Amino acid sequence: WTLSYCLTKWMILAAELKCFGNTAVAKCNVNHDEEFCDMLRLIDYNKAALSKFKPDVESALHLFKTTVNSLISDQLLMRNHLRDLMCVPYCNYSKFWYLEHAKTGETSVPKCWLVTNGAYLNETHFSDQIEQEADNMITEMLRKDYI
Amino acid sequence: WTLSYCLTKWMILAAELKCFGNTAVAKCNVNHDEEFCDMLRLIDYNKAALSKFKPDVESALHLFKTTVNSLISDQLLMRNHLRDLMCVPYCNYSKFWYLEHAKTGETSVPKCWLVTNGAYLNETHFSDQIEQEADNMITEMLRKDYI
Amino acid sequence: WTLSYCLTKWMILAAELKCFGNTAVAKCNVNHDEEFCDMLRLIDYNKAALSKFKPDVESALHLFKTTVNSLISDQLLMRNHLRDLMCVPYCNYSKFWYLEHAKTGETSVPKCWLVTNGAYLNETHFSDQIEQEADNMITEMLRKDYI
Amino acid sequence: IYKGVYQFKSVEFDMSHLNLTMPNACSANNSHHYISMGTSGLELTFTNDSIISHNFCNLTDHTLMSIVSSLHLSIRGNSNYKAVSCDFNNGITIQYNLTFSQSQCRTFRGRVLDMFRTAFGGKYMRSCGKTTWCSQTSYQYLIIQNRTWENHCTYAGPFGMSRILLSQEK
Amino acid sequence: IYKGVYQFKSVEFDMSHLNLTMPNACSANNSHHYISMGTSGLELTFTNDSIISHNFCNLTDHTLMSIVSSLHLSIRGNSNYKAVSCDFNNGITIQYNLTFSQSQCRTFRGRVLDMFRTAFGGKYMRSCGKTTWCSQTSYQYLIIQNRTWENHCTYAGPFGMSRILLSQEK
Amino acid sequence: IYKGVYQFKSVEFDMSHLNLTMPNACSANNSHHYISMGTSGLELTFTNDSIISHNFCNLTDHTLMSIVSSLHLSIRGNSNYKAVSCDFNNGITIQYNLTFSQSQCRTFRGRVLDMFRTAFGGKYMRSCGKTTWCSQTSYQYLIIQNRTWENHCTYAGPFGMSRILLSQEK
Ligand SMILES: *[C@@H]1O[C@H](CO)[C@@H](O[C@@H]2O[C@H](CO)[C@@H](O)[C@H](O)[C@H]2NC(C)=O)[C@H](O)[C@H]1NC(C)=O
Ligand SMILES: *[C@@H]1O[C@H](CO)[C@@H](O[C@@H]2O[C@H](CO)[C@@H](O)[C@H](O)[C@H]2NC(C)=O)[C@H](O)[C@H]1NC(C)=O
Ligand SMILES: *[C@@H]1O[C@H](CO)[C@@H](O[C@@H]2O[C@H](CO)[C@@H](O)[C@H](O)[C@H]2NC(C)=O)[C@H](O)[C@H]1NC(C)=O
Ligand SMILES: *[C@@H]1O[C@H](CO)[C@@H](O[C@@H]2O[C@H](CO)[C@@H](O)[C@H](O)[C@H]2NC(C)=O)[C@H](O)[C@H]1NC(C)=O
Ligand SMILES: *[C@@H]1O[C@H](CO)[C@@H](O[C@@H]2O[C@H](CO)[C@@H](O)[C@H](O)[C@H]2NC(C)=O)[C@H](O)[C@H]1NC(C)=O
Ligand SMILES: *[C@@H]1O[C@H](CO)[C@@H](O[C@@H]2O[C@H](CO)[C@@H](O)[C@H](O)[C@H]2NC(C)=O)[C@H](O)[C@H]1NC(C)=O
Ligand SMILES: *[C@@H]1O[C@H](CO)[C@@H](O[C@@H]2O[C@H](CO)[C@@H](O)[C@H](O)[C@H]2NC(C)=O)[C@H](O)[C@H]1NC(C)=O
Ligand SMILES: *[C@@H]1O[C@H](CO)[C@@H](O[C@@H]2O[C@H](CO)[C@@H](O)[C@H](O)[C@H]2NC(C)=O)[C@H](O)[C@H]1NC(C)=O
Ligand SMILES: *[C@@H]1O[C@H](CO)[C@@H](O[C@@H]2O[C@H](CO)[C@@H](O)[C@H](O)[C@H]2NC(C)=O)[C@H](O)[C@H]1NC(C)=O
Ligand SMILES: *[C@@H]1O[C@H](CO)[C@@H](O[C@@H]2O[C@H](CO)[C@@H](O)[C@H](O)[C@H]2NC(C)=O)[C@H](O)[C@H]1NC(C)=O
Ligand SMILES: *[C@@H]1O[C@H](CO)[C@@H](O[C@@H]2O[C@H](CO)[C@@H](O)[C@H](O)[C@H]2NC(C)=O)[C@H](O)[C@H]1NC(C)=O
Ligand SMILES: *[C@@H]1O[C@H](CO)[C@@H](O[C@@H]2O[C@H](CO)[C@@H](O)[C@H](O)[C@H]2NC(C)=O)[C@H](O)[C@H]1NC(C)=O
Ligand SMILES: *[C@@H]1O[C@H](CO)[C@@H](O[C@@H]2O[C@H](CO)[C@@H](O)[C@H](O)[C@H]2NC(C)=O)[C@H](O)[C@H]1NC(C)=O
Ligand SMILES: *[C@@H]1O[C@H](CO)[C@@H](O[C@@H]2O[C@H](CO)[C@@H](O)[C@H](O)[C@H]2NC(C)=O)[C@H](O)[C@H]1NC(C)=O
Ligand SMILES: *[C@@H]1O[C@H](CO)[C@@H](O[C@@H]2O[C@H](CO)[C@@H](O)[C@H](O)[C@H]2NC(C)=O)[C@H](O)[C@H]1NC(C)=O
Ligand SMILES: *[C@@H]1O[C@H](CO)[C@@H](O[C@@H]2O[C@H](CO)[C@@H](O)[C@H](O)[C@H]2NC(C)=O)[C@H](O)[C@H]1NC(C)=O
Ligand SMILES: *[C@@H]1O[C@H](CO)[C@@H](O[C@@H]2O[C@H](CO)[C@@H](O)[C@H](O)[C@H]2NC(C)=O)[C@H](O)[C@H]1NC(C)=O
Ligand SMILES: *[C@@H]1O[C@H](CO)[C@@H](O[C@@H]2O[C@H](CO)[C@@H](O)[C@H](O)[C@H]2NC(C)=O)[C@H](O)[C@H]1NC(C)=O
Ligand SMILES: *[C@@H]1O[C@H](CO)[C@@H](O)[C@H](O)[C@H]1NC(C)=O
Ligand SMILES: *[C@@H]1O[C@H](CO)[C@@H](O)[C@H](O)[C@H]1NC(C)=O
Ligand SMILES: *[C@@H]1O[C@H](CO)[C@@H](O)[C@H](O)[C@H]1NC(C)=O
Ligand SMILES: *[C@@H]1O[C@H](CO)[C@@H](O)[C@H](O)[C@H]1NC(C)=O
Ligand SMILES: *[C@@H]1O[C@H](CO)[C@@H](O)[C@H](O)[C@H]1NC(C)=O
Ligand SMILES: *[C@@H]1O[C@H](CO)[C@@H](O)[C@H](O)[C@H]1NC(C)=O
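Chains as they are written, first to last, in the UniProt record's numbering: chain A, 270 to 273, 284 to 426; chain B, 270 to 273, 284 to 426; chain C, 270 to 273, 284 to 426; chain D, 67 to 126, 135 to 175, 181 to 207, 215 to 256; chain E, 67 to 126, 135 to 175, 181 to 207, 215 to 256; chain F, 67 to 126, 135 to 175, 181 to 207, 215 to 256.
Take the hints with a grain of salt, since some may be wrong.
[Unchecked claim] Calculated pairs, DSS-like style, for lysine-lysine (alpha carbon to alpha carbon, straight line, at most 27 angstroms):
id	chain 1	residue 1	chain 2	residue 2
1	A	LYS306	C	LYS374
2	B	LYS390	D	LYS75
3	A	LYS423	E	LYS156
4	B	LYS344	F	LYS202
Just so you know, these hints were derived from the structure itself, not from any lab.
With the rest of the complex left out, here is chain A:
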């Protein structure tokens, strides 16, 4: 589905360079239950547009307005808005957290790091989600080992 795979130095703000495996990109094929897939789509569109078209602000804005639905999940954006509205921890598209295998690099789909009152949620607030994702990922891993 790539218009131009894992991230590079300039896309990551904190570390020098980190990137993912094939399972995440293979799962983000029109996937709109997750925000990381939308981020990957945005980055891919930017990379493909910069390497094929000369710089132009008006034309880029026009093409974004025409194909905004093809990149950003509308309903995820509006739900995250609604969460921000009612004093509820929401996703502001900055920080994503995931679990990866120590050796084979088997990564999962990064969940968004919720933010509330202008501050990221503590690790102990969503530990249950981390445990559930670890469990389902280990079940998927054993199923893939069996086949």
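Chain A is fixed; fit chains B, C, D, E and F with the ligands onto it per the hints.
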């Protein structure tokens, strides 16, 4: 995904009180192949808005119009419309039917009760769907028992 | 989900008649990661509208405009557009390819045949996708045999 | 019971509490229809008598005005500018004239039935042997007024209003 | 055959029957383009000669008028009010003037190519070393007329019209 | 580390490179807000002083004009035609008057805060015991001008502009 889990007395019109397990709410995380998830989203939005904001008709209408896509599945609504159009049994968002475990309360995702000619479909018209859902639910149950 | 199942002679342009099994139609229940499901929805809507309503151009156009989202996947259409935009092999909704069982007729979901530079992609360009689909289909088949 | 283990039962939802935050769109019977948001309501009556004869009106609470503007903009095409009468004084009262000046759809009646249709569903005033697309009606008037909601129908939900919102200016 | 068990084969769809209920948008060649709904059709020709010189027209069957209004509203921005000529008498004939009064996109040509582009795809009149965004053209006229469909091209489907519907007034 | 096998770590995205192709919408602090597309920028300042007193303006680069038109059309309802002042000469400068002529939402302030709100999120100027729907403000002016972007805030992304695009003319 809750902005404020199972139903209560005032939400159910027929019985005094009934409600579901964790699997249904855990499956209705941006799920738009089913109408029950949209109903749950609507009820959750109403409950969260009533407990945090003072009554106001114009502002509530504005917020609903802005975030209508975040709650009601547009394509499900239009398909149910198209079904109503051509003299076909459709879903009018009133009655939902499901199967639950007798002891452990393992419930499924309630399918909509189709209506035609101003009357609900008889139980014998969609018995095949009930049998198929029972089969796939029992397979999922045995798979979860295995793990 | 049918408003009126497998294809017939007049819908197929190349061969005299071919059609699919129950798994594909059962999987195209509001499925928008694939273009074949959108094609099936379009054909079903046309068949159901022709057999219940008298011919009328203006009314048909009005009903299509009202329920365009209920039939054609908007985001798939815009992604295929974006692929056409940047000199990338895209789907133009003409040719679909799939794998079926030799004896029991177990068919898969037909993937779109990508087109670039006004010509279909060669079979050797997407052989990896064919192998991956064969592998996952055989795993699904063995899982269904086990149950 | 099914398969001797699981039990068959149904859910029935009440839409009365989905009132202060969500619109409601229904019909009491073949004649009367209602659109209620909170404590505010609009009555769409299919009278066969007219009450207004201005045949000219200038589009110049906010909730009922926004519902009315959504409904009016959802009649697509051209409203002929001479089939609508308005009375925005001391209440909101808009009358559609809904009469012929075998297609039965290319007229103003066809499109006004299409908008009523798409707001309220096709349970009433619907046909259905091949039947024409647009709905059929035996009246020649459609009056939308304001009425203080008193639980006239059974609450339906904001689904009809959502269909109106999607099918706007197409 | 693949894996010795499953057989590789393809499907080819015919869009001729998707005509009475769905629009169709295609191009015969580099010059001519067609939009056919049922038995009604619109011919978009990229002539290099002009036939109308009014340079002033008043926007005041319904199917072709709705297709034309969708196409016109899908040119975004300002149409400069002096690059369109109209002839709605005894047929529909709209001529776009498509000429300069290295960006090549900030002009009226850029946006008119953008609307043609987004209706008909990028197989013709497309570029593609960095290439400008908007499409490139060597003609200086675009005439949209009505033509009684006679199966000029191969039927494509309502996908281009859907893209027009989505990208409207943005 | 979790379960003794997998390791917990986070990703942090930088939106600085999503600038030449995508808009960016942010706030430096409670006062100032910015909308930057490429090298072009718009500064939305919540001054408590006015600089323009025309109280009458005619809506008659293209990128900033399209962003401004999206923002203005996303204030819904009626703008009262007497609370906006314009200066489109030698730059773009639009001033909203944002003053009362306990609902606090039925006024022009409520809707203008609703549009600012929906463009920039609810982190600033938000309330939150029951709190009113529309946001609360202690200023009485809102000035949108053009400013040549100089990396004033941290880049956010086109999500706010997407929310503006979805919630337009509703
Ligand atoms: C409109 O909805 C509101 C809230 O959903 C209903 O008010 C409730 O009324 C019941 C019974 O009178 C009370 O027990 C609740 O405490 C009320 N809730 C709130 C939030 O005030 C109201 O009854 C509904 N109107 C109608 C006509 O059904
Ligand atoms: C449809 O229902 C409406 C009201 O729900 C009925 O109108 C009532 O008619 C009776 C007697 O005709 C009057 O006393 C009431 O005042 C009316 N109610 C309202 C709210 O106007 C109407 O008669 C019903 N239609 C049919 C065909 O039975
Ligand atoms: C609705 O339209 C009908 C027909 O277009 C109008 O009926 C006409 O009324 C005038 C004025 O009384 C008569 O002179 C005509 O004979 C009527 N018929 C026709 C065919 O013109 C009717 O007046 C309109 N409704 C309203 C409320 O004005
Ligand atoms: C429609 O709205 C109008 C105006 O809001 C209502 O007219 C008011 O009715 C109340 C009811 O007691 C009177 O006290 C006011 O004097 C009326 N006029 C105003 C406010 O200008 C009218 O009642 C509404 N329609 C219905 C059927 O209730
Ligand atoms: C409505 O009043 C009229 C007076 O002309 C009656 O006549 C019908 O008017 C409609 C309006 O378009 C025509 O389509 C019908 O052909 C007319 N005839 C019949 C038999 O319906 C009409 O009967 C009135 N309706 C009712 C229910 O009383
Ligand atoms: C969905 O359809 C059912 C089936 O008709 C509706 O149930 C009817 O409701 C009406 C009033 O709304 C009653 O007079 C009937 O007696 C009911 N019929 C049955 C068989 O129970 C139901 O109201 C509809 N719901 C919505 C929201 O439209
Ligand atoms: C337009 O589509 C219609 C229906 O999809 C086609 O009419 C069919 O024509 C075939 C062959 O002539 C007949 O066997 C069918 O019975 C017709 N179907 C109907 C519903 O009338 C028509 O041929 C199409 N037009 C073109 C030019 O291909
Ligand atoms: C593109 O196709 C069109 C028609 O499909 C061609 O126009 C035809 O041109 C011939 C000779 O030039 C005329 O006799 C026909 O009457 C034309 N047909 C129509 C429908 O106008 C056109 O020449 C083709 N263009 C190219 C470059 O080959
Ligand atoms: C399309 O625009 C061009 C240029 O803007 C017009 O060409 C001008 O035509 C006038 C009138 O014949 C001449 O005096 C000018 O010299 C032409 N060139 C320019 C640069 O102004 C052309 O007329 C327009 N098309 C139509 C059909 O009117
Ligand atoms: C475009 O439409 C016009 C008007 O509908 C067509 O002009 C008619 O053509 C028919 C064909 O025989 C004549 O009988 C009529 O007298 C014409 N004029 C009318 C109805 O006012 C025109 O032919 C159409 N264009 C094409 C290329 O067919
Ligand atoms: C179209 O006719 C003109 C007459 O001026 C020819 O000249 C081109 O006009 C276009 C219109 O914008 C310019 O962009 C080109 O630079 C002009 N020159 C060339 C060499 O294209 C033009 O050649 C005509 N086209 C054809 C295909 O005959
Ligand atoms: C999808 O793309 C294919 C590949 O180009 C198209 O097939 C061509 O169709 C044209 C006319 O439409 C023929 O002249 C070519 O010979 C065809 N090429 C091949 C390789 O078969 C197909 O028509 C396109 N479909 C749509 C709906 O646009
Ligand atoms: C705007 O984005 C562009 C491209 O995304 C950035 O330009 C890059 O700048 C870095 C560091 O100066 C260079 O290594 C790259 O080669 C540049 N890329 C391109 C495509 O030109 C630019 O820095 C961004 N602006 C800001 C203020 O961060
Ligand atoms: C919010 O930030 C803006 C700029 O990011 C601050 O405005 C600056 O104010 C200082 C001193 O007041 C001036 O020297 C600068 O020129 C201003 N910058 C701009 C871009 O106008 C503003 O003071 C900050 N607000 C608060 C409350 O701290
Ligand atoms: C914003 O609106 C306020 C109040 O509506 C205006 O303040 C008025 O200004 C006039 C002219 O100076 C004074 O005579 C009035 O006394 C002020 N108050 C009222 C309540 O009218 C203010 O002028 C408007 N802003 C601008 C920039 O014109
Ligand atoms: C807003 O835009 C205007 C007009 O584009 C800018 O005014 C120009 O500023 C440049 C900067 O050196 C001068 O050279 C020009 O003479 C100005 N006038 C023009 C082009 O008509 C203005 O600077 C912009 N605002 C800001 C804050 O930079
Ligand atoms: C803004 O200047 C005014 C001058 O009137 C100060 O007064 C406030 O004005 C706002 C505007 O709507 C009112 O809502 C408040 O009630 C007024 N009082 C207070 C105490 O806020 C206002 O203080 C100024 N703001 C700042 C931050 O300096
Ligand atoms: C998402 O939310 C986080 C959490 O607040 C933001 O991080 C803050 O960013 C601001 C400037 O943007 C800094 O001044 C703060 O120090 C940051 N806080 C922390 C705890 O790191 C982040 O910028 C937000 N991202 C977006 C795109 O809005
Ligand atoms: C919050 O996170 C910090 C990380 O440094 C940790 O030290 C602290 O204990 C956490 N607090 C809670 C309440 O989870
Ligand atoms: C319809 O349902 C009723 C429920 O009381 C049942 O008695 C009856 O046999 C059913 N009829 C058919 C044809 O299924
Ligand atoms: C392209 O496909 C044709 C089918 O006839 C085949 O003969 C040829 O070898 C293919 N070429 C490549 C490069 O895959
Ligand atoms: C214009 O609208 C006003 C307010 O609704 C109304 O009083 C007036 O009568 C209308 N004008 C005409 C000519 O009817
Ligand atoms: C206005 O439109 C009519 C009908 O299309 C047309 O006859 C008339 O010429 C137009 N007006 C002008 C000034 O061209
Ligand atoms: C109309 O707009 C123009 C151009 O922006 C401006 O110069 C003129 O002053 C405006 N008209 C009035 C009456 O202010």
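Here is how each hint holds up against the structure:
no. : hint                 : result
1   : A:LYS306 to C:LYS374 : 25 angstroms, holds
2   : B:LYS390 to D:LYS75  : 11 angstroms, holds
3   : A:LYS423 to E:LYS156 : 65 angstroms, violated
4   : B:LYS344 to F:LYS202 : 21 angstroms, holds
Hint compliance for this structure: hint 3 is the single one not met.
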